[PDB]
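Here we start with a single chain on its own, the form solved without the named molecule, put down as structure tokens.
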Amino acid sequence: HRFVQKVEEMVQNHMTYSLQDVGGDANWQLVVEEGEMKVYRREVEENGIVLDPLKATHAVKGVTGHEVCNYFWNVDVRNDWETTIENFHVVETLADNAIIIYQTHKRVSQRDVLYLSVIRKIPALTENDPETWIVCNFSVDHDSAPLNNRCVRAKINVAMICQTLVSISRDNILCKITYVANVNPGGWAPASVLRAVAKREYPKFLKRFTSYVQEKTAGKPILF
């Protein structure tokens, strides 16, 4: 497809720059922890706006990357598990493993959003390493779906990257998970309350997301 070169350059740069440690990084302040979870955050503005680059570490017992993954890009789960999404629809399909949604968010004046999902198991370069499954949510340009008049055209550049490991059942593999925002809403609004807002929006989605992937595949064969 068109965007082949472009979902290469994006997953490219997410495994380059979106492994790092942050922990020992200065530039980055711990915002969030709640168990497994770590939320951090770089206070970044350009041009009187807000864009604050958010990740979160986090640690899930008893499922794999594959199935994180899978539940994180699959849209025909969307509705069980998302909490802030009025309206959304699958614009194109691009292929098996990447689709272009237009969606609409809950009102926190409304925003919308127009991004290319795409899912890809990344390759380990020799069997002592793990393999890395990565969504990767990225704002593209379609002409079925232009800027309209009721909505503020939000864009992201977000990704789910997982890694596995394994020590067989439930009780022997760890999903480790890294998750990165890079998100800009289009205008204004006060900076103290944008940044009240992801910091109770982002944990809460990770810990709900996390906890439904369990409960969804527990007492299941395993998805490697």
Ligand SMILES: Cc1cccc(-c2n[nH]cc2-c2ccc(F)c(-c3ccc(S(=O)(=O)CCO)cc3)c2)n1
Second form
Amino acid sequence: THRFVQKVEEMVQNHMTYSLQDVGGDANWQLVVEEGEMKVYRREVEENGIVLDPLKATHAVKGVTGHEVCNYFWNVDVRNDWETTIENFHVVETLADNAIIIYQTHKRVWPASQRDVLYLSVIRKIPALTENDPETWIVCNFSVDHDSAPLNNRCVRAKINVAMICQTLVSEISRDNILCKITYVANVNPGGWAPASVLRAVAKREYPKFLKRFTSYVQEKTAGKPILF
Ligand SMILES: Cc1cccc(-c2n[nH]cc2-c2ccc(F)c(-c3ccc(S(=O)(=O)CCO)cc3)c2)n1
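Next block: the form deposited with the named molecule bound, after the form solved without the named molecule:
Let's see the whole complex now, leading with the same chain.
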């Protein structure tokens, strides 16, 4: 039992309560980009001059399970196969077999300075709320403080709360008959000065490119392997 067990429970339950809700019907969410079943939405939010724009996306991916998608998203050993904006990353602390603390730096977005981030990354299976409902696999990545935080004078420290939340629908089961329903939420505080139009333009381009590249990577690596439910 590590020191972040309560915090983890809170952050995960908040996503389970609030992040799964539908936004198709909700005019407070702007639909920014659509590519088939991938639907990317945002709200435009600025606090004390800093652009926070909550991002929420849904997607439906054939032929992979939620457990698989979450394992690929959490497993630091495959990070470089799908990430494209990371410059450096270091595992700061191992809390449990399902929870680590990561420090990473990102590629600069001109003309703002580079960003770094220091977060707890946890993977959990959440049982079905009623006998009717699906089980959920979730990865939550959320900023924390740590005394071994790196000094990096080129970087402004962002703060994140991200979740990759998956429910899996199925019909001996073939990958032909499985579909993973994803909700991805990203609440990024850039942590200092950054021009709003540029941040918005980069979010609009990069979030869809990330979701497409990541989800296709999982399909590619699990093809012709036995399913892990
Ligand atoms: C996916 C995406 C969308 C929009 C912009 C960018 C980007 N381009 N250049 C710098 C960044 C940047 C700056 C600060 C950050 F915290 C993250 C950040 C993004 C996602 C996540 S995660 O938790 O989804 C995946 C683990 O990295 C963590 C940090 C990314 N990347």
